[PDB]
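Here's the letter readout for the chains.
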Amino acid sequence: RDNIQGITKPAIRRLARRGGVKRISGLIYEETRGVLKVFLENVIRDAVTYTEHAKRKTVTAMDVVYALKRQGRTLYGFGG
Amino acid sequence: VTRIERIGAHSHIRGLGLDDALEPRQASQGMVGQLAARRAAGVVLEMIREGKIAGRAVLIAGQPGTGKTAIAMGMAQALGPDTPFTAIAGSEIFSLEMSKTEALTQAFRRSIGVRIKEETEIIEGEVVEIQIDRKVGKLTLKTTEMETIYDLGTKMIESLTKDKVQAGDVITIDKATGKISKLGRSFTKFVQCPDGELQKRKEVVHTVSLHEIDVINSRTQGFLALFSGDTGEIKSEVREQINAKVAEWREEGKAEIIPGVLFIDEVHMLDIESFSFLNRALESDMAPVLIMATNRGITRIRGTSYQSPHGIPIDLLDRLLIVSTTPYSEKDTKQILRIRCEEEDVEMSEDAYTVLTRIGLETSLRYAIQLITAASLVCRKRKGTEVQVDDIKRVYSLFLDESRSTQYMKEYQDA
Amino acid sequence: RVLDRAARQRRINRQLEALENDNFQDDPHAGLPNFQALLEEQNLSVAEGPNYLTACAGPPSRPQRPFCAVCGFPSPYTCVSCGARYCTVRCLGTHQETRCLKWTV
DNA sequence: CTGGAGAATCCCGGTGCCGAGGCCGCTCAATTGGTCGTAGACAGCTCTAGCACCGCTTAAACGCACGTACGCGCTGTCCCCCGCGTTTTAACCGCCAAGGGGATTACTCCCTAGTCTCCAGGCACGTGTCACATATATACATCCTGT
DNA sequence: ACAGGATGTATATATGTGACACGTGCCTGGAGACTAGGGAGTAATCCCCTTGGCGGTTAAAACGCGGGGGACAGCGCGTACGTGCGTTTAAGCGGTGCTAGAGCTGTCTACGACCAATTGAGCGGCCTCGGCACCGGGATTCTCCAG
Ligand SMILES: Nc1ncnc2c1ncn2[C@@H]1O[C@H](COP(=O)(O)OP(=O)(O)O)[C@@H](O)[C@H]1O
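Chain order of the listed sequences is A, B and C.
Quick note: the first sequence, position 59, residue 82 per the UniProt record's numbering, numbers continuous.
Residue numbers for the second sequence, in the UniProt record's numbering: 16 to 149, 157 to 210, 223 to 449.
Residue numbers for the third sequence, in the UniProt record's numbering: 17 to 49, 83 to 154.
Just so you know, the hints here were simulated from the structure itself, not pulled from any lab data.
Note that beta-carbon positions come from the ideal geometry of N, C-alpha and C, so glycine has one too.
One should not assume that every hint holds.
[As the list claims (entries may be wrong)] Below, a list of computed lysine to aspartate or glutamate pairs in the EDC-like style, where the Cα atoms sit at most 20 Å apart: (1) B:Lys368 <-> B:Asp349; (2) B:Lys160 <-> C:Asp20; (3) B:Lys288 <-> B:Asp264; (4) C:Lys151 <-> B:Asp349.
[Stated by the list, open to error] Chain B residues, not near chain C, derived (Cβ > 12 Å throughout): (5) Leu163; (6) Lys164; (7) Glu169; (8) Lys234; (9) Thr254; (10) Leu395.
[What the hints assert, rightly or not] Covered stretches of chain C (in silico footprint by chain B; criterion: 3 or more residues with CB under 8 Å from a CB of chain B, positions within the stretch not fixed): (11) 18-25; (12) 110-121.
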């Protein structure tokens with residue numbers, strides 16, 4: 024598959040602009056892609072564990088909320 | 016799962032079961048009984064490892080099936096690698112592309128190894144970048167501990183342009199020749227990068243036999259031994275000077291010879307012309323200590339109506355040592371059957387063991403060893419776990435033997 | 017990263033210049049308390098023909114020896130930072146911790 | 001440092017779209033009323049630390065003096081990101097079959113687990129030694145002195 | 001020059017901490033017999049989707065290019081921080097030597113916990129319609145030469 028490139032250069036540029044950055048290096052995109060991939064992999068692993076425990080086939084949004092809560096990234100707006 | 020080599024007829028044999036004083040144990044290393052012949056095998060093996068008194072022949076006589084080949088396989092296993100053990104049947108010398116005498120001397124040479132030491136330097140790392148300026159360039163190699171650049175000379179740039187090797191490939195570079203070899207693309223074919231130093235001196239030793247040297251020094255790219263394209267090397271012109279040059283390598287510090295071992299099975303197939311050649315080929319310095327076996331007694335010699343022991347002329351019979359093997363008893367046969375079962379995954383009962391030992395003492399030993407696996411599989415047919423007496427009886431009924439099949443010939447067939 | 021070739025050449029030149037600094041190679045203080086000019090006296094109007102300019106030997110025919118920069122032994126390797134050759138991994142480490150893109154000697 | 005354009009915002013008024021709010025109607029869950037064992041609070045009692053010193057010893061913090069080495073600014077110039085216009089492309093559709101994949105609800109039932117015993121053995125506590133650290137006779141062992 | 005005393009000094013032996021291993025007793029697990037309730041295990045409902053292949057269309061990417069203005073290194077140089085050092089300050093390593101104040105034990109209530117009623121929040125289900133979200137200007141307000 025290898026669709027990690029879905030997070031394209033303009034997306035990372037907008038994410039940086041929102042963060043106060045006004046000038047980005049060329050090698051920043053391949054590093055941001057890997058960082059985001061690791062963060063995802065972790066959160067999705069936690070969510071898939073929570074889902075398998077519940078004997079459910081669908082990864083509910085509350086499972087993602089709990090997975091983020093484990094990493095300290097408490098996300099309000101989806102149930103908790 | 017299953018390798019090219021499987022459970023053959025001599026797998027249980029792991030070597031000679033002798034002590035430090037060449038005293039055979041009752042049963043060890045897969046060799047049961049056969050005390051006298053096994054210790055004689057030990058003596059010949061010791062005098063072979065010595066490698067001073069060359070040009071000796073031994074003949075393992077005995078009744079058919081009395082471990083005559085088992086002793087040879089055990090000697091081969093005990094001698095271990097790094098020592099040529101050439102095993103050929105008496106029928107293999109009869110060749111159309113070469114004369115029997117030439118094939119025999121070829122086997123002799125094959126049964127003699129030459130030890131040579133090398134001090135080449137081998138590189139082992141991973142490619143980081145390859146450059147080409149149409157010509158000179160630079161090469162950067164990487165290992166888990168260091169990285170370095172390299173100036174791509176004519177030979178290096180040419181070889182790396184001919185080969186598709188590129189950045190990110192664990193490779194080896196013999197600075198002597200420059201042979202490039204890639205063991206796997208990358209991190210995970224793929225394989226990790228090497229460790230330690232990038233360039234390190236490595237000693238290499240090659241136990242090349244006189245046969246290999248002769249074939250290497252006979253023609254332009256004369257290394258055609260892989261298919262034996264050669265019909266016979268030039269005796270006394272390219273075969274005697276190689277001996278002198280090897281002797282020059284010796285007594286100087288360049289090379290040392292390793293006495294091999296030859297095992298001609300079923301020597302009674304050799305004709306009188308082959309025996310005549312052995313009478314003189316076993317009197318030279320570069321002659322291996324060979325062993326042989328024959329199940330026949332005083333039979334006819336292939337070539338004339340003369341009768342002689344082993345079908346071998348008297349002139350050669352008085353030139354070798356005979357090693358007779360005695361017939362096995364109930365104990366030895368039962369222990370051999372047990373070792374054979376241990377070699378495989380079969381596990382027979384005690385009563386089954388007794389029945390199989392009786393069946394193997396009635397007709398012959400090899401018949402029981404063959405029925406072992408048949409009964410093992412018939413047990414798995416009834417969905418059992420242990421080979422009982424009933425399975426062995428069913429097999430004995432299904433599969434016949436030599437003596438019982440010959441007696442069933444009460445109906446005349448073709449002739 | 018990797019250093020350019022200008023930096024390596026400047027390092028080589030400055031080291032060769034230090035190799036002829038006779039007064040004091042590192043710190044020429046050692047106490048502060083007809084005055085002709087320096088070698089400039091002729092280095093400013095270098096003549097032609099037989100002179101210290103044309104008297105140079107030139108490039109040799111024997112290729113440079115690949116000797117280590119740390120211990121002074123043969124060095125089949127070359128550091129990517131500044132090209133300084135090294136013999137073993139220990140040499141590369143002792144170099145990187147003493148000479149690198151940041152330090153010269 | 002102004003002009004002089006020139007885009008970009010950005011007031012400001014306009015207008016339907018649709019979420020926000022509200023109202024209705026039950027369901028369920030918090031209240032009521034009352035009984036019933038604990039929780040823990042409080043009144044002693046014990047004795048363990050905690051605190052408070054004091055003295056002797058000396059490591060250590062410390063100030064000073066004194067270079068060297070590293071920090072900062074400057075400079076040059078030279079690569080590599082920005083701004084912006086063009087070709088590419090993927091992301092939205094829309095299409096055209098015919099039905100299920102799976103959370104959600106629900107009802108038996110039944111193994112599993114609480115509760116609550118009585119015990120007895122296995123783990124906190126007291127005591128017996130043994131490995132490393134300490135302080136001291138000692139048999140020579142090196143200057144000093146009669147000689 | 002020597003024969004013997006007058007001091008050192010590692011060397012070998014009996015005495016101080018610690019930490020493991022052992023040995024009793026008393027709490028905490030284990031063992032057993034009842035009694036739910038919880039959860040498993042089908043069996044039904046309601047979602048609203050489901051996939052392949054493929055045609056179409058618009059903007060978000062994707063790419064080209066110029067070029068500018070920043071990212072790097074070199075140069076220099078002037079503080080400034082580490083490096084000894086001589087001083088002195090005060091930690092700390094053992095002591096003594098009280099007293100709060102943990103830690104406990106016991107006692108005995110108020111305080112929860114059910115619990116069976118009772119019932120009114122509160123939750124979903126519709127309806128409605130102001131309120132944000134976007135159009136359309138029209139001023140304004142930065143940005144960028146260009147002088
Ligand atoms: N000493 C031994 N130990 C174990 N097995 C043996 C021994 N001697 C003989 N055998 C078995 O008995 C069989 C005898 O056959 P083999 O020796 O090959 O006959 P021949 O030597 O005549 O060709 C072999 O298959 C071997 O497995």
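Hint check:
A threshold of 20 Å between alpha carbons decides the hint, and for B:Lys368 with B:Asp349 the separation of about 40 Å lies outside it, so the pair is violated. Taking the CA atoms of B:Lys160 and C:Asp20, the gap is about 15 Å. The hint holds against a cut of 20 Å. With a C-alpha separation of about 28 Å, the suggested pair B:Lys288 and B:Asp264 falls outside the 20 Å cut-off, and the hint is violated. A distance of roughly 87 Å separates the Cα atoms of C:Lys151 and B:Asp349; the hinted pair therefore is violated under the 20 Å criterion.
Once the 12 Å rule is applied to beta carbons, B:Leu163 is inconsistent with being away from chain C; the minimum gap is 9 Å. Taking the minimum C-beta to C-beta distance to chain C, about 10 Å, the non-interface status of B:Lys164 is violated against the 12 Å cut. A cut-off of 12 Å between C-beta atoms contradicts the statement that B:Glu169 is not in contact with chain C; the least separation is 6 Å. Here B:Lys234 does not stay apart from chain C, with its beta-carbon only about 10 Å from theirs, under the 12 Å limit.
Non-interface status of B:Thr254 relative to chain C is upheld: no Cβ of that chain comes within 12 Å, the nearest being about 35 Å off. Under the 12 Å C-beta cut-off, the non-interface status given to B:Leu395 relative to chain C holds; the minimum distance is some 68 Å. Using a Cβ-Cβ cut-off of 8 Å, 0 residues of the region 18-25 of chain C lie near chain B, which falls short of the minimum of three, so the contact claim is violated. With 0 residues having a Cβ less than 8 Å from any Cβ of chain B, the region 110-121 of chain C misses the three-residue criterion, and the hint is violated.
Consistency note: the structure conflicts with the earlier hints numbered 1, 3, 4, 5, 6, 7, 8, 11 and 12.
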